[PDB]
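Each chain, written out:
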Amino acid sequence: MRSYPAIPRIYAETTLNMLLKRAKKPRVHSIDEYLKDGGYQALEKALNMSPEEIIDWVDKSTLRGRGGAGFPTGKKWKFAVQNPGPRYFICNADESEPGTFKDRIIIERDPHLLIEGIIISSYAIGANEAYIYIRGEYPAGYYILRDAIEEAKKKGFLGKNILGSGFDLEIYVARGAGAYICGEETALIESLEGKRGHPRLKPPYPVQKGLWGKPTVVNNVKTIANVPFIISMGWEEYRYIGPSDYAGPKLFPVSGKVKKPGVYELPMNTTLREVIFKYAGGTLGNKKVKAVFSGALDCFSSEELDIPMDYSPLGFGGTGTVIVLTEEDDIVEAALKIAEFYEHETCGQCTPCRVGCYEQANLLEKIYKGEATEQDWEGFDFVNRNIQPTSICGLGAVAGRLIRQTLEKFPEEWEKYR
Amino acid sequence: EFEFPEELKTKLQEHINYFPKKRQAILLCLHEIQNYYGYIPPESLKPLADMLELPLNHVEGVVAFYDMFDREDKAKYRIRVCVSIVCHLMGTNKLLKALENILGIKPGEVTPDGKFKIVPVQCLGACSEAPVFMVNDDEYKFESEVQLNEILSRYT
Ligand SMILES: Cc1cc2c(cc1C)N(C[C@H](O)[C@H](O)[C@H](O)COP(=O)(O)O)c1[nH]c(=O)[nH]c(=O)c1N2
Ligand code: SF4
Ligand code: FES
Ligand SMILES: [Cl-]
Ligand code: NA
Ligand code: NA
Ligand code: NA
Ligand code: NA
Ligand code: NA
Ligand code: NA
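Chains B and A are the protein sequences, given in the same order. With PDB author numbering applied, the first sequence corresponds to residues 1 to 418, in that order. With PDB author numbering applied, the second sequence corresponds to residues 5 to 160, in that order.
Just so you know, these hints were derived from the structure itself, not from any lab.
Result set (DSSO-like, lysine-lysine): computed pairs, CA atoms no more than 30 angstroms apart in a straight line:
| # | chain 1 | residue 1 | chain 2 | residue 2 |
| --- | --- | --- | --- | --- |
| 1 | B | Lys24 | B | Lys36 |
| 2 | A | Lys50 | B | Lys195 |
| 3 | A | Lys25 | B | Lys154 |
Using the sequences and the hints, build the whole thing.
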């Protein structure tokens with residue numbers, strides 16, 4: 001039996017039986033087991049279709065990006081193909097945001113779903129070279145993908161003239177080495193070109209100018225994973241899954257003070273309360289929910305649990321990452337941990353980001369330890385509001401966001417530190 | 005001067021020949037070097053620069069940017085402990101205390117026999133199984149001191 005590094009068995013549960021159909025089980029599903037559930041047949045179907053028709057189905061699916069900005073996938077592919085080739089396809093598997101551990105279970109348990117979607121996607125946009133960029137702290141995933149890619153090649157789904165279609169593809173797997181910024185799509189590309197992970201000024205978008213200056217689609221693991229399903233069922237059936245306006249399965253990583261922490265494949269009409277109480281089994285010790293941290297992006301109070309988990313103007317949004325804190329949990333100490341993350345992850349290109357992420361964390365620690373001066377307090381307020389100016393990526397745009405929200409929604413807890 | 009052993013230079017070449025361009029293999033090459041020596045030996049950078057057809061400056065800048073790489077301390081086993089939000093809520097401090105009791109060291113430190121180094125890391129992407137730690141490529145939830153002790157005993 002081919003042995004991989006030890007991986008914790010993250011709990012996974014689905015009501016939709018799609019992205020988690022196999023990945024609900026904590027083991028590697030290899031190609032024979034995947035082929036037996038009709039795997040790779042959406043590929044065979046896609047190869048009998050024009051690249052344009054595939055683009056068109058994916059568009060009419062209303063599929064939107066799962067890396068957290070929600071950009072329409074079909075529209076993204078259209079933009080790339082309107083520019084001359086050669087073109088490149090990149091699967092973004094960096095998943096390094098706190099509270100986020102969903103992309104990894106697809107990689108580790110159902111590699112072939114991902115690979116199948118990479119091939120269809122590559123063919124749709126005319127790319128003959130694709131890449132998975134997987135974070136370095138995911139060693140088992142790396143080795144699982146390398147082996148699954150070889151299985152796929154052996155059975156003839158990769159290489160030259162795949163299934164007699166005249167379409168060539170090699171998938172290369174790159175590893176990271178400790179940087180959340182390399183999940184930002186331009187920083188990822190820089191790292192693939194063998195450089196440091198410094199984000200580029202956008203526009204240009206990668207679909208115009210990306211890897212080696214050429215048109216490049218960067219899609220997230222889960223986005224790609226929906227592609228085999230769209231081709232398999234047709235775009236009409238995919239759009240019947242969940243709300244008309246938020247179509248498709250969504251994976252929700254629920255962590256913190258919950259009885260049943262793990263990954264939940266649910267439709268997007270699900271509420272935040274239903275995720276924690278109906279699906280994740282309630283709280284540890286039945287304590288009151290104080291806050292939910294949407295990864296390192298937002299902070300929801302216990303008065304905002306009856307919102308839907310969609311990109312709605314009044315929805316949770318983000319990536320549906322649910323870290324739960326209960327009534328006895330120090331919100332200021334939690335914010336510090338969020339401050340420490342951005343401090344370690346700024347690339348340093350933009351000055352307000354470089355200094356702001358540093359100083360936010362440095363000053364917030366002074367506050368937490370009760371060694372902050374009056375000016376340290378007022379400076380902390382100022383820098384938290386001034387990390388964003390001149391920033392070229394979304395890190396510097398958000399590095400003060402969650403913390404601001406704690407200040408505003410838990411003012412009485414902060415005053416205890418003053 | 006510094007030359008890489010034959011069994012290792014082979015693997016670096018495999019990496020270099022794998023991607024369409026040599027320079028794309030820098031991170032895999034550095035993971036390999038660190039896997040072989042226990043750390044990134046400072047004298048390894050120049051020869052690798054030559055194999056990737058890159059300036060030494062370039063390579064050194066890369067080693068500095070990527071946190072997994074260590075140019076300072078050799079260790080047979082790196083114990084990556086998550087110090088981010090979820091593991092903290094669930095008992096990062098209990099794992100560190102248990103590591104202190106068993107191994108006698110704190111984050112940043114190496115055992116005197118050069119066998120274990122404790123490296124504090126950001127979210128390892130296993131937050132549901134917090135508190136999380138890795139021993140080289142192996143990843144685990146921490147439950148107790150006794151449980152920790154048994155796991156570490158497996159690294160000889
Ligand atoms: C700081 C930071 C960090 C990340 C990102 C952005 C930023 C600003 N993005 C999103 C990324 O830029 C881009 O939207 C996706 O790669 C394309 O995903 P879709 O497939 O369209 O969702 C991102 N996406 C992803 O797939 N995995 C990740 O780990 C991250 N991390
Ligand atoms: S905003 Fe921050 S992380 Fe993004 S490019 Fe600028 S310095 Fe780097
Ligand atoms: S916060 Fe520790 S693994 Fe995510
Ligand atoms: Cl999703
Ligand atoms: Na199997
Ligand atoms: Na990374
Ligand atoms: Na760091
Ligand atoms: Na501290
Ligand atoms: Na001070
Ligand atoms: Na990990």
